[PDB]
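Keeping the supplied structure of chain F fixed, place chain A with the ligands upon it in accordance with the hints.
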Amino acid sequence: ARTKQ
Amino acid sequence: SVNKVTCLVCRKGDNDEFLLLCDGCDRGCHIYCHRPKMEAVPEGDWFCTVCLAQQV
Ligand SMILES: [Zn+2]
Ligand SMILES: [Zn+2]
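Protein chains in written order, with the deposited numbering: chain F, 1 to 5; chain A, 1673 to 1728.
For reference, chain F alone in the conformation it holds in the complex:
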């Protein structure tokens, strides 16, 4: 999963 960063 990834982040908004």
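Hints in this document: simulated from the structure, not taken from any laboratory.
Yeah, the Cβ is synthetic: ideal placement off N, Cα and C, and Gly gets one too.
Any given hint might turn out to be false.
[Claimed, not checked] If you want the footprint, here are the derived chain A segments under chain F, 3+ residues with CB under 8 Å:
#1 1673-1682
#2 1707-1715
[As the list claims (entries may be wrong)] So the derived list for chain A, only partly shown, Cβ under 8 Å to chain F, looks like this:
#3 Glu1689
#4 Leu1691
#5 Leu1692
#6 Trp1718
[Said to hold, decoys possible] Pairwise CB distance ranges, derived in the manner of DEER restraints:
#7 F/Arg2 - A/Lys1684: 17 to 23 Å
#8 A/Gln1727 - F/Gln5: 24 to 30 Å
#9 A/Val1728 - F/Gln5: 28 to 34 Å
Frame of chain F, contents of chain A with the ligands only:
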């Protein structure tokens, strides 16, 4: 989109590196707002509550 994503729980878009993005839609959630406890960003795919409701 992505700079516009906000947390489903607290509704803020700050603390980007903690702000988990749904793999099924444009929603997000801070790991620290999530319940039960999520200590770290997961390695696998993550689906929000809206996306889960679409599953069969
Ligand atoms: Zn939040
Ligand atoms: Zn979703």
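So, going through the hints one by one against the coordinates:
Counting residues of the region 1673-1682 of chain A whose C-beta lies closer than 8 Å to any C-beta of chain F gives 3; at least three are required, and the coverage claim holds. Residues of the region 1707-1715 of chain A lying with their CB closer than 8 Å to a CB of chain F number 3, which satisfies the three-residue condition for coverage. Using the Cβ-Cβ criterion of 8 Å, the hint placing A/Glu1689 at the interface with chain F is satisfied: the shortest such distance is roughly 4 Å. At a threshold of 8 Å, the smallest CB-CB gap from A/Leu1691 to chain F is about 4 Å, leaving the interface hint in force.
Here the hint on A/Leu1692 is kept, as its CB sits about 6 Å from the closest CB of chain F, short of 8 Å. Evaluation of the A/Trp1718 hint against chain F yields a held restraint, the C-beta minimum of about 4 Å falling below 8 Å. Remark: the range hint 17 to 23 Å for F/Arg2 to A/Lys1684 is upheld by a beta-carbon distance near 18 Å. Our hint of 24 to 30 Å for A/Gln1727 and F/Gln5 holds, since their Cβ atoms are close to 27 Å apart.
A beta carbon spacing of about 33 Å between A/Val1728 and F/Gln5 agrees with the range 28 to 34 Å that was offered as a hint.
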